[PDB]
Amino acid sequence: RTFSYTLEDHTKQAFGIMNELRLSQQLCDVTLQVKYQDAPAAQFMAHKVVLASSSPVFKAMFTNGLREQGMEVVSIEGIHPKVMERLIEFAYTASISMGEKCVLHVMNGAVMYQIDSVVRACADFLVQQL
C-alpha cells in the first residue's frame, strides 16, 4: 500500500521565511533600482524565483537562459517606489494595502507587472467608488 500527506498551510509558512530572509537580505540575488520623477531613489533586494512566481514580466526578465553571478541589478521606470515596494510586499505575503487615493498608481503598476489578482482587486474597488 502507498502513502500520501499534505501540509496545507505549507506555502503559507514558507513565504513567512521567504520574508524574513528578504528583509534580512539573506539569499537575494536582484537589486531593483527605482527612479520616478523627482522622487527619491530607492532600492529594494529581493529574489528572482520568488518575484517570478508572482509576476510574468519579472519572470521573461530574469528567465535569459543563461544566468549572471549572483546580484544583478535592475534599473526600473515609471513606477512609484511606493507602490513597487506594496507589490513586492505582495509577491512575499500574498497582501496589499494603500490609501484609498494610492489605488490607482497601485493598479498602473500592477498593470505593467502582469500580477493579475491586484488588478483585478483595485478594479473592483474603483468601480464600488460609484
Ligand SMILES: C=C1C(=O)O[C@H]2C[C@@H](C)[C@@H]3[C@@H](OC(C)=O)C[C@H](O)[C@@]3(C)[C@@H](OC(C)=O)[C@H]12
Second form
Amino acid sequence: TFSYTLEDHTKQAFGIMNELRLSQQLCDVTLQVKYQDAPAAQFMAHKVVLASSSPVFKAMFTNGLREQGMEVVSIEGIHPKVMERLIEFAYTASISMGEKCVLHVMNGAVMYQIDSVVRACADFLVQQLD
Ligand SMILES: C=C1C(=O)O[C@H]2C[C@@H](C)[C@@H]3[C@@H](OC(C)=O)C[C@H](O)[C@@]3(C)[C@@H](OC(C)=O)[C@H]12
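Can you return the structure of this protein in the form solved in complex with this ligand rather than the form deposited without this ligand?
Following is the full complex, with the preceding chain placed first.
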C-alpha cells in the first residue's frame, strides 16, 4: 500500500483560491457591507472558503436546498476595512492592521467567530498593557 502527503498542498491551493477571489472567478457570494457613514463596499468570495474559516459564515451558507449561484448578503455592523481583512485572513492565513485598528478587527473576528484572530488580537491588546 503506497501512501503520499504533500505538506505544502493546502498552502498552494489557498494561494490559487485567493487568485480566483481577486479575479472574481467561481465566486458565489457578494458581501455588501454598509457601515453607518462609510461608503458601501462589496466583496465577492466563495462560500465554501468563508465557511471553512468562520462558523458564522458556514451557518449562514449551509441551508438545505438553496440559491443557484450569486447570493448577495447584507453586512451591517462591521466596517468594510475590517471585513476586507477577515476575508484576507480566510484566503491567506494572514492578517495585518495599524495598531489603532486591532480592536475593530477583534470586534469583527468575534462577530464571525474567527477564533484564531480573536486570540491574536487579545494577546496583542493585553501585551500593549503596563
Ligand atoms: C484602520 C481602519 C479599520 O480597520 O477599520 C476602521 C474603523 C473606523 C470606524 C475608523 C473610524 O473611527 C472613528 C473614530 O470614527 C475613523 C477611521 O478613519 C476609521 C475609518 C479607520 O481608521 C482607524 C485607525 O480607526 C479604521
